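J.: Letter by letter, the chains look like this.
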Amino acid sequence: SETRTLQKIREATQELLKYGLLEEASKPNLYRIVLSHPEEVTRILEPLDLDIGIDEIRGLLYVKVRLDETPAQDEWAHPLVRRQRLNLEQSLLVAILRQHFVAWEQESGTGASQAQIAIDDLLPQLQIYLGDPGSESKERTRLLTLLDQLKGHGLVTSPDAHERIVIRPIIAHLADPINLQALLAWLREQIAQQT
Amino acid sequence: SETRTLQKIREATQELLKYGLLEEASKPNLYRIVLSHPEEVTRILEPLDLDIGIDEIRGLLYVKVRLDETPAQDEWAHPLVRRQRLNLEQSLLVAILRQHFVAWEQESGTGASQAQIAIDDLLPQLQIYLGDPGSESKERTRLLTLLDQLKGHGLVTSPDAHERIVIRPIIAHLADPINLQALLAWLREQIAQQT
Amino acid sequence: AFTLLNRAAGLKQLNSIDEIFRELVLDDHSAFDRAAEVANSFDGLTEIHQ
Amino acid sequence: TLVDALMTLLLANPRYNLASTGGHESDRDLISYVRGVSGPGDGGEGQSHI
Amino acid sequence: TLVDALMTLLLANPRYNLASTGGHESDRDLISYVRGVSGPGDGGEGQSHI
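Protein chains in written order, with the working numbering: chain C, 1 to 195; chain F, 196 to 390; chain L, 391 to 440; chain R, 441 to 490; chain H, 491 to 540.
Simulated from the structure, these hints should not be mistaken for laboratory data. Honestly, I wouldn't trust all of these hints.
Stated by the list, open to error - Once the Cα atoms are required to be at most 20 Å apart in a straight line, the calculated PhoX-like pairs of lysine-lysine come out as:
#, chain 1, residue 1, chain 2, residue 2
1, C, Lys64, F, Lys213
2, C, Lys18, F, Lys213
3, F, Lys259, C, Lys18
4, F, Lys259, F, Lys213
Using the sequences and the hints given, assemble the complete structure.
T.: If you want it as structure tokens, here you go:
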């Protein structure tokens, strides 16, 4: 009569949805489970228009909005995606983060999600763009506020005791060549009208 | 590679997951569709341990954890459905609205279109058990705030154009109306004794 | 044993013996967990296959 | 009620009031007994039934 | 059996021996009553229980 999906699959898929992504070094069991039935996963999510990418070389999985039967769309407009779209202020930090991530990867390898940075290093970087309001309290406040927003999108762990943070590797799949290209195009478009 | 679920069913599913509800008053054609295709629905939901409960009298579809019987933890724990315990004000309003729905269906039968209830009478009813924060303005403001929160849970409409409101048939299936009525009678008796 | 005791308080039917015995009377050691254990040892091989 | 009290003492999950059924159902429960339930009442505010 | 006899006159679907269970099932049938079955197969099958 009934054909209950593998309860293990049910656990793994429901967890993965609960967090939007899923990292091996943290929760390897459901991670492997989804690796075991990526097709079943997909068909489970397909009605929802949610689809799973994969990164074995770093130990990651995650959802990403499908683009079918209402072509393309601004993905974020989907009902189920649960947060407000990134905003180029965030993106300004995002680029810096990605730079550090790839730089550390290109010298420690791809064998860990432990790409780390100290908050104070960011300060000069933003200081150039967001300027220098000359009060560490204001700038560091805004810095942590940005970081908070990002952890809301899951990209970066919040500060630890040592004022150091771990970049979540999902960052990489956000700072895509293709997506970066669409972004640079739209940004040059903005430049052309700002002038 | 894979075929794709019927677009209408995917639409109804996604809406029902955003709002836990689908209704003849909101997506009536989706309502007809899902009624003709409930097996598809439940099949989609069951990997997530989700399943709809239905109400054809009141034209309401709604969700409900599908987990099985005799769990290891006496009550279900579900990775997605986080639980809330409402503040007394909200719970009281819900009990009020619940007995309101019950009375309306008592006098008008089951499924009869709800009559609208006036903020003008609500503020008294809140006054019955809540005293006074300092002004009628504060009473009305917090009443509308809690009504907003309730509409957030989909149990009521928005404050209408005439400072009345309408009840959502989801009330017909709250968690435990016995908790509501015990508290309501206890509250009125307590105030009657205190005065 | 206690379960059988409770249902025994009533349960005048004995509608059919199969249930009464298999569930109420007989202790349980069906190997669903053990069979899962076996099935799971093979998941490793399945993963290299995938 | 008393038999149900015993079964509650003994079992994890007894079939309360099993006798009324005849052996295949239970329709009273732990909390009802704890709160002295006796009937539906008016079911909107009435505490007499409880 | 007599009640079933009366009920066999009056009903197209006379549930035989229903009261024995109490509402769960009507295990007996018209063919057994016409056979005068005393009980289930008593161990043999040559209509020794008929």
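J.: Take the hints in turn and mark each one as holding or not.
T.: Here is how each hint holds up against the structure:
The straight-line distance between the Cα atoms of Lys64/C and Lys213/F is roughly 17 Å, inside the 20 Å bound, and the hint therefore holds. For the proposed pair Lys18/C and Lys213/F, the alpha carbon gap of about 14 Å is at most 20 Å, so the pair holds. Restraint check for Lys259/F and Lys18/C: satisfied, since their Cα atoms lie roughly 17 Å apart, inside the 20 Å limit. A C-alpha spacing of about 13 Å is found between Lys259/F and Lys213/F, which places the hinted pair at or below 20 Å, so the restraint holds.
In this structure, every one of the numbered hints holds.
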